[PDB]
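Protein chains: 2
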Amino acid sequence: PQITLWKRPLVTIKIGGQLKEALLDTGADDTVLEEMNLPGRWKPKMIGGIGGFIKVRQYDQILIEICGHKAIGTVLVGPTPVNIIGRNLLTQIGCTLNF
Amino acid sequence: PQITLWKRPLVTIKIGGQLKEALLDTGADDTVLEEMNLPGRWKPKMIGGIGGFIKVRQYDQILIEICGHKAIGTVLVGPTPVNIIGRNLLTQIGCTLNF
Ligand SMILES: CC(NC(=O)OCc1ccccc1)C(=O)N[C@H](C(=O)N[C@@H](Cc1ccccc1)[C@@H](O)[C@H](O)[C@H](Cc1ccccc1)NC(=O)[C@@H](NC(=O)C(C)NC(=O)OCc1ccccc1)C(C)C)C(C)C
Ligand SMILES: C[C@H]1CCCC[C@@H]1O
Ligand SMILES: [K+]
Ligand SMILES: [K+]
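In order, the protein sequence lines correspond to chains B and A.
All the letters of the first sequence, read from the start, carry residue numbers 1 to 99 under PDB author numbering.
All the letters of the second sequence, read from the start, carry residue numbers 1 to 99 under PDB author numbering.
Be careful, since some hints might not be right.
[Said to hold, decoys possible] DSSO-like, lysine-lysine: derived pairs with alpha carbons at most 30 Å apart: (1) 70/A to 55/B; (2) 45/B to 55/A; (3) 55/A to 45/A.
[What the hints assert, rightly or not] Just the calculated beta-carbon pair ranges, DEER-fashion: (4) 72/A to 16/B: 39 to 49 Å; (5) 12/A to 41/B: 39 to 49 Å; (6) 72/A to 40/B: 43 to 53 Å; (7) 99/B to 18/A: 45 to 55 Å; (8) 52/B to 37/A: 37 to 47 Å; (9) 74/B to 43/A: 32 to 42 Å.
[Unchecked claim] If you only want the chain B side, here are some residues facing chain A, beta carbon under 8 Å, derived: (10) 2; (11) 5; (12) 10; (13) 24; (14) 48; (15) 49; (16) 52; (17) 69; (18) 71; (19) 74; (20) 84; (21) 91; (22) 95; (23) 97; (24) 99.
Keep in mind that the hints were calculated from the coordinates and are not lab data.
C-beta atoms are modelled at their ideal positions from N, C-alpha and C, and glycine is treated no differently.
Assemble the whole structure, with the sequences as input and the hints as a guide.
Rendered as structure tokens:
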């Protein structure tokens, strides 16, 4: 797809058979999902944003489909207001910024 | 140009006669720069993100050059750790996500 920026770049993702809406976010190093249940063990991670820092759970090698493209990688889960797809997964799906 | 996402999409901008480095950010509704004085009047605004909300100063009709592409729009000024070029200006330079 080509996504313009007039509105937020929100796309459908699927993870654990569940469809969710998420933000394609070039200003995020990592992908951070709203609270939800994932499999396996997690490890702690702190991420910083505009208002300060939050603690999130890091899951590795997680299956996620983003607008139909499969990616397998790190997903953080925690108190984010919006599902955010970060550069770690945008790279796997071949996403670039162009002007 | 085409900007890959293996690293943060940092570019040179010019604003108020100053060169700065800023992040091309598809997940930002608004453009938010570190503390600076800009021409004209301002009004307070709260913006939210990972970690909560910060108070910023809003300036309107601000000229900016992003990678040598001119744009004009609202620019917010406050305690951000990174200069962020939001969708309000990414639209004007013809910026799109492609995969
Ligand atoms: C690891 C990392 N940053 C990093 O380098 O860490 C080092 C650091 C951190 C803090 C201080 C000093 C140094 C990073 O990738 N951070 C992401 C991030 O917050 N990125 C922000 C930019 C940034 C980059 C580095 C450091 C700090 C900030 C965004 O631009 C990012 O694109 C967010 C994503 C987002 C969208 C929507 C909701 C919440 C988060 N946008 C924003 O925060 C923008 N806010 C918005 O566009 C508005 C208006 N949002 C909004 O709707 O807020 C709703 C809300 C609801 C409830 C609570 C709070 C907010 C902002 C840049 C203007 C994160 C989501 C993984
Ligand atoms: C007018 C202002 C924005 C465009 C480039 C020069 C200057 O800093
Ligand atoms: K384009
Ligand atoms: K691409």
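Right, here's what the structure says about each hint:
Distance check on the hinted pair: residue 70/A and residue 55/B sit about 39 Å apart at the alpha-carbon level, beyond 30 Å; violated. Distance hint between residue 45/B and residue 55/A is fulfilled; the C-alpha atoms sit about 26 Å from each other, no more than 30 Å. Of the supplied pair hints, the one linking residue 55/A and residue 45/A holds, its CA atoms being roughly 6 Å apart against a limit of 30 Å. For residue 72/A paired with residue 16/B, a C-beta distance near 44 Å keeps the hint of 39 to 49 Å intact.
Remark: the range hint 39 to 49 Å for residue 12/A to residue 41/B is upheld by a beta-carbon distance near 42 Å. Restraint check, residue 72/A to residue 40/B: a C-beta distance of roughly 49 Å satisfies the suggested window 43 to 53 Å. The hint said 45 to 55 Å for the Cβ distance between residue 99/B and residue 18/A, and at roughly 22 Å that hint is violated. Distance hint check: the CB atoms of residue 52/B and residue 37/A are about 25 Å apart, inconsistent with the given range 37 to 47 Å.
Between residue 74/B and residue 43/A the CB atoms are about 40 Å apart, so this pair conforms to the stated range of 32 to 42 Å. The interface hint given for residue 2/B holds, since its Cβ lies 5 Å from the closest Cβ of chain A, which is under the 8 Å cut-off. The interface hint given for residue 5/B is met, as the beta carbon of that residue sits about 4 Å from the closest beta carbon of chain A, less than 8 Å. Interface restraint check: residue 10/B against chain A, minimum CB-CB distance 10 Å, threshold 8 Å, status violated.
For residue 24/B, the shortest C-beta to C-beta distance to chain A is roughly 6 Å, which falls under 8 Å, so the interface hint holds. Interface hint at residue 48/B: satisfied, since its Cβ lies 7 Å from the closest Cβ of chain A, which is below the 8 Å cut-off. Given the 8 Å rule on beta carbons, the hint for residue 49/B holds: about 2 Å separates it from the nearest Cβ of chain A. The criterion of a C-beta within 8 Å of any C-beta in chain A is met by residue 52/B, whose closest approach is roughly 3 Å, and the hint holds.
For residue 69/B, the interface hint holds, the least distance from its beta-carbon to any beta-carbon of chain A being 7 Å, beneath 8 Å. Against a cut-off of 8 Å between C-beta atoms, the interface hint on residue 71/B is violated, since the closest Cβ of chain A lies about 11 Å away. Interface hint at residue 74/B: violated, since its Cβ lies 15 Å from the closest Cβ of chain A, which is beyond the 8 Å cut-off. Nearest Cβ of chain A to the Cβ of residue 84/B: about 6 Å, under the 8 Å cut. The hint holds.
For residue 91/B, the interface hint holds, since its Cβ comes within 8 Å of a Cβ in chain A; the closest pair sits about 5 Å apart. The beta carbon of residue 95/B is positioned within 8 Å of a beta carbon in chain A (closest approach about 4 Å), and the interface hint is therefore held. Given the 8 Å rule on beta carbons, the hint for residue 97/B holds: about 4 Å separates it from the nearest Cβ of chain A. At about 5 Å, the closest approach between the beta carbon of residue 99/B and any beta carbon in chain A falls short of 8 Å, and the interface hint on this residue holds.
Taken one by one, the earlier hints fail for this structure at numbers 1, 7, 8, 12, 18, 19, listed in ascending order.
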